[PDB]
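First, one chain by itself: the form deposited in one PDB entry, in structure tokens.
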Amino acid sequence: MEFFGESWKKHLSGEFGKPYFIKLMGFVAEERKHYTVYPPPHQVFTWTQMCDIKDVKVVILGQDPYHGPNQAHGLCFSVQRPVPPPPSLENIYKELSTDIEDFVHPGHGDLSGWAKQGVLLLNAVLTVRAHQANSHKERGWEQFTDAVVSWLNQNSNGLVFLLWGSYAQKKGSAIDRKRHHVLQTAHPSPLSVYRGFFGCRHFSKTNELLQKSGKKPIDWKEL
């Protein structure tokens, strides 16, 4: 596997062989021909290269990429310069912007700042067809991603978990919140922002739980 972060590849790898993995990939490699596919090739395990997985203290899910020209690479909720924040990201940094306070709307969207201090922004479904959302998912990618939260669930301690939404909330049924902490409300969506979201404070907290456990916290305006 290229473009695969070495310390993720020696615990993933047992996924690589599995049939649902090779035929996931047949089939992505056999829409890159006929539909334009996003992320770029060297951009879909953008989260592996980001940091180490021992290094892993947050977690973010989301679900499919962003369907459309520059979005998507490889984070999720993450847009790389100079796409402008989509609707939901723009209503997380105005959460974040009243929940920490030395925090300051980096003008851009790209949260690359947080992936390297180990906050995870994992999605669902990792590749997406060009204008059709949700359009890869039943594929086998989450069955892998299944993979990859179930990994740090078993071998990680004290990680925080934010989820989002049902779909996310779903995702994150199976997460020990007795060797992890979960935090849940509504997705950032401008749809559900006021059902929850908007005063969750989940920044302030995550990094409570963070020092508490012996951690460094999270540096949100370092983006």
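Numbering follows the first chain given and starts at 1. So that the term is clear: the rigid core is the largest set of C-alpha atoms that superpose within 1.5 Å between two forms. What changes on going to the form deposited in another entry:
- Here the two forms are overlaid on the core, and between the two forms the C-alpha of 166 is the only one among 166, 36, 156, 49 to shift by 2 Å or more.
- Residue 65 is not among the residues whose C-alpha shifts by 2 Å or more between the two forms once the rigid core is aligned; its shift stays under 2 Å.
- A movement of the C-alpha atom of residue 200 reaching 2 angstroms or beyond is seen between the two forms when the two forms are aligned on their rigid core.
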The other form holds:
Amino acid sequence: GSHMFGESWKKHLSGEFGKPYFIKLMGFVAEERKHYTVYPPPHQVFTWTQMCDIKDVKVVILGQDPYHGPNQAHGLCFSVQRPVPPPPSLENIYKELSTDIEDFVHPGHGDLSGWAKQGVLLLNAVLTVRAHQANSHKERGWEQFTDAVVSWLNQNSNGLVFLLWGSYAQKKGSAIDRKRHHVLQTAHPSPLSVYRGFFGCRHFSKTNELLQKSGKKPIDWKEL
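Structure of the form deposited in another entry, please, following the form deposited in one PDB entry?
Just this one chain is shown here; partners and other molecules are left out.
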């Protein structure tokens, strides 16, 4: 096998792979790759499944869709692998972390794997993008798939913190039982929207408050 989709996630989501919408979606993505550059590369569409067991997810960060520039997106929302510098969205995330978490210091890179390993699911609502065109693969099938991810977690986990960043991610909110999980919503951290509430949202400290109240270990946001 290719080992692209983590095993505990495949166990609970592989049913989607036999559904017409998903078969047609992956066909659409393959047709796009034939004529255009699509991000992330094929082996990294599902990196978000490879960092921790699905049963160990404690926090879900949901963005819009992947970065659309060369060598940026690698399947963890808002993350970029070294040596690529943090894009403007991630610099804004770091800026809010710096005011929200007193101990947080800019790490010098943009790889968020260290949050994902602690059980922060770094998901985007749409999981591919045509180069240079933000949200170009919306409404093609990804939303049903990431709905299935959110629905599984909603039903099988307890006390999750969902952070829905941007209008497209917030479409998932209706699916989440608010008396069982915690949903925090704010604007996307892109410079094009950050001033609509992201700065000052304090989601990182709020997340840890909620985890600690429910007996769970907080996220160490400096562990990158």
